[PDB]
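*Asks:* Once you have looked at the hints, place chain B on chain A.
The chain contents come next:
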Amino acid sequence: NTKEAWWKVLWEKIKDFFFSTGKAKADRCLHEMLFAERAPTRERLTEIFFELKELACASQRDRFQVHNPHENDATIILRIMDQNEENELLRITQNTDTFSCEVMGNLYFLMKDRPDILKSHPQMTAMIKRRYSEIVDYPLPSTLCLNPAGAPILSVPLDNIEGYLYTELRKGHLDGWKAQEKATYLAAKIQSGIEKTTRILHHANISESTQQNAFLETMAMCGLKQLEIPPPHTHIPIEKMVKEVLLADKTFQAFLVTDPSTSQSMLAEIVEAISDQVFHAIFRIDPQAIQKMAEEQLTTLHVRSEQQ
Amino acid sequence: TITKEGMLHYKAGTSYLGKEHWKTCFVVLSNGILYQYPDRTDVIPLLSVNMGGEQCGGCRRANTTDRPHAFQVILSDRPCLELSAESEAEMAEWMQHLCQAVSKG
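Those protein sequences? They're chains A and B, same order as listed. Number 300 in the deposited numbering belongs to position 280 of the first sequence; there are no gaps in the numbering. Number 791 in the deposited numbering belongs to position 20 of the second sequence; there are no gaps in the numbering.
Just chain A, same shape as in the assembly:
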């Protein structure tokens, strides 16, 4: 009970959404969230929310609501409502480059992060705008923001990466698609991660065995399997899904063909950067964190191979 003034209070109005273990775990969620050494990342803060919603009694989930004011993307608000939907216990607001958190209407923190997915490019602003998806119980990349030096901020609608899934739910009953991807996507991610670290560490003589032996190691530690082979084609991958929902834009298609140096170069990042989030929306795994721990296997196996 060495909890904070408003922590104690908030708890006392919410302590009964959570049962048994849900209770103690929710508490540390609220901890990481509001009362840790530092404040959460924009993306972590959003995880923490839907970590709570998961922990809440099915009955009390109508209390966890997410919406863009005026249905306008540029902002997405996350909030917890009291029993009688009278006043907000917890409110998280996420704009373009800032996010903030309210508790009982006390401003608890405002953070400014830097939401440019196109950083390898100093000429180019590129933001993802999100709005809540019911099929995935999480926000999803719903609009792209591109700020060139040449053109005023072009927006690109994305409602149809979500639309590709409502189409897959209303087929064979989904999880089948959800099986293949999780096991394709992360195999791709580890693979990538490996090769990438061998290219930068060209001089260190990382064997093809280490490369192979590390790939299998993370595939293991994650519990992932490679069938896959031979990749059943009745299955549309997110990677492609994204490329597709960018093909039919007299705004975006024609954009790509300006500052083309920077031609197909800048594209594979935008697409990738999108997929990750859409993927993360689905499985709630940070594909990158894996890639790192893969890039990490490889170095600590190579380091390990100067012993054995």
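Hints are computed from structural coordinates only; laboratory data are not their basis. Be a bit skeptical, because a hint or two may be false.
Quick list of in silico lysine to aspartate or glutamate cross-link-like pairs, EDC-like style, CA-CA up to 20 Å [what the hints assert, rightly or not]: (1) B:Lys790 to A:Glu57; (2) A:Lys73 to A:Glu57; (3) A:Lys28 to B:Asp837; (4) B:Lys875 to A:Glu122; (5) A:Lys139 to B:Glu825; (6) A:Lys23 to B:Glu825; (7) A:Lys28 to A:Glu63.
Now the stretches of chain B that chain A is said to cover, found in silico as 3 or more residues with beta-carbon under 8 Å [said to hold, decoys possible]: (8) 795 to 808; (9) 820 to 832.
Virtual Cβ for every residue (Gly too), placed ideally from N, Cα, C.
*Replies:* Quick look at chain B alone, frame taken from chain A:
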């Protein structure tokens, strides 16, 4: 065009060992800029920051430790300016002006 001024106690300045002290400073938020002075007339600002731009990354209410109404000003090139007002009321007031100017430019 002033916004706010007044006395606060900052931990940020400084650290010895065995935790540290809470020293008094004077702080002014004028226009978009936060100036922090040693006291009410020591004209050389112990630190100044542009809340609006790259040098700051926002504010949070601090992990109330030994000192009652604490909060911090997030600075990317790595202080964090630690601060404690006198009353909860006084901190709400700072917190809201400070976080206001971050959302501005």
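*Asks:* Hints first: check each against the structure and report whether it holds.
*Replies:* Now for the hints, and whether the structure bears them out:
{"no.": "1", "hint": "B:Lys790 to A:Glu57", "in the structure": "15 Å, holds"}
{"no.": "2", "hint": "A:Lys73 to A:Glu57", "in the structure": "24 Å, violated"}
{"no.": "3", "hint": "A:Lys28 to B:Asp837", "in the structure": "18 Å, holds"}
{"no.": "4", "hint": "B:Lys875 to A:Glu122", "in the structure": "19 Å, holds"}
{"no.": "5", "hint": "A:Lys139 to B:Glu825", "in the structure": "15 Å, holds"}
{"no.": "6", "hint": "A:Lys23 to B:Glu825", "in the structure": "33 Å, violated"}
{"no.": "7", "hint": "A:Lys28 to A:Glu63", "in the structure": "25 Å, violated"}
{"no.": "8", "hint": "795 to 808", "in the structure": "violated (count 0)"}
{"no.": "9", "hint": "820 to 832", "in the structure": "holds (count 6)"}
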